[PDB]
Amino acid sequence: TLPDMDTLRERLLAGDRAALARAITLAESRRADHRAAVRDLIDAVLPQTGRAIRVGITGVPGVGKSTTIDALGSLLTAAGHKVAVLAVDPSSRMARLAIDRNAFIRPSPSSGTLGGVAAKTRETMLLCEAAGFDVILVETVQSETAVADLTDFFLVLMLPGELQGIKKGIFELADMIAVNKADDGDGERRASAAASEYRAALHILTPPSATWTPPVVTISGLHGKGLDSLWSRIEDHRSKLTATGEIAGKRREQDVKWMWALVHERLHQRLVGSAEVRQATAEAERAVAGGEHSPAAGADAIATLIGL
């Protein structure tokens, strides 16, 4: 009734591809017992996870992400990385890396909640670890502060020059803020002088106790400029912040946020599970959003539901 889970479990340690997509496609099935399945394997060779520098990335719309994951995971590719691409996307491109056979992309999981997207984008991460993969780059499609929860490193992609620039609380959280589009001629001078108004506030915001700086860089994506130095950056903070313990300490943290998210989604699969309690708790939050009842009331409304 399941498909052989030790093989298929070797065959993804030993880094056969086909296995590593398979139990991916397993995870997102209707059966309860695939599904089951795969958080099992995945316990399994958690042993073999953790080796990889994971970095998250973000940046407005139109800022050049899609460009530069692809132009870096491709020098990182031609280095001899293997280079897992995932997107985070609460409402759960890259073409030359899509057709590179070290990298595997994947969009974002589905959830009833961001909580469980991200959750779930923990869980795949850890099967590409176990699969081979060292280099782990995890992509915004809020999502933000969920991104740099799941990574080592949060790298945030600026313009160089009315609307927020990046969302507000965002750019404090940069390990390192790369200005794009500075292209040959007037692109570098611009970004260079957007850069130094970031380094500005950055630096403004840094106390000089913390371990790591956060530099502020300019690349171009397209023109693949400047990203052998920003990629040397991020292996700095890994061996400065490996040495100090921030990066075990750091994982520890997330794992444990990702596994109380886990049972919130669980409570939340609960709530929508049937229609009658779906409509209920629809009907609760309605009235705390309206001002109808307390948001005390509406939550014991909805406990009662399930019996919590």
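The term rigid core refers to the maximal set of C-alpha atoms that superpose within 1.5 Å between the two forms. Positions refer to the first chain, counted from 1. First, how it differs from the form deposited in another entry.
- Of the candidates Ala32, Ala282, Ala248, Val256, the Cα that moves 2 angstroms or more after core superposition between these two forms belongs to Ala32 alone.
- When two forms of a protein are overlaid on their rigid core, residues whose CA moves 2 Å or more are considered shifted, and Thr206 is one of them between these two forms.
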Given for the second form:
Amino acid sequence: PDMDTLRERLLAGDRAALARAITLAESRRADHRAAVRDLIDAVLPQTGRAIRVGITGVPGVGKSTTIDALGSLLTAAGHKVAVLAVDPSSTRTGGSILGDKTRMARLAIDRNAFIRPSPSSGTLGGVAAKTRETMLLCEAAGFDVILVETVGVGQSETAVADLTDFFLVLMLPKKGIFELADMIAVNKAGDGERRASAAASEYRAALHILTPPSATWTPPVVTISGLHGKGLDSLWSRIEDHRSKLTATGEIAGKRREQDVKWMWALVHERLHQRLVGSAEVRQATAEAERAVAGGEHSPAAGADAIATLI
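Counterpart to the form deposited in one PDB entry, namely the form deposited in another entry:
Chain alone follows, minus partners and molecules.
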């Protein structure tokens, strides 16, 4: 596939060129990844002009429909919205070709939206680092809103926070999640407005004893109904407010640089993993070592030196 032509169509907003480049970046084949490595670098100065928001929520109510509604609001307002899934179980599959795009009915047909399932990789750090490469591609292609969502039942919340500028947690009327939140939004806001309002008050009180990482921002709690689009404009205004404030201080850029280095190393460690499971003997010996350490038969360091010797 001609890479310069691919780059120009991607830079001109061609959705199929973008998908093609992402597919190359998602690929589990080394020659594919390598090809689109130059393209991403080349296009790097056109990346970053976007709000990156990570979104997670309690098993139950309303994340997909809330994202569909938030998504639909931002497109109708002139934005281009990518929605990327991170799911740790894609370390145990080979990915998804089609994904699951109609869990968000309006965005699934919204020509100004782009939806992509969790990429496959050997490690969760690898899944996430590929997501970062995908985010960069979407941004080069002119997407100014990147929503990254946790999709497993597994533990992807920290990785998604470390992929984004702002972490939104959606709750009903897991301690780790609370202190990742730059905002909490209580879902299903009149008979239940009462309940949401109260719960919001409770969560606001809980948050108080957690010192925010920066003096520039103090996480608020808000109420919404994703079902009926209520509260979303205000919710979004805060995220925008946060963008202006932490951009002025340089803190968004500072967070992004930290994340980028974390992802680089996750990819180095992914490549190490891939070597260790890349043939039968090494793979068997690696599992043997790990198993001995877990079972308390050999010490962490004995396990480690056995693994080091296979490399």
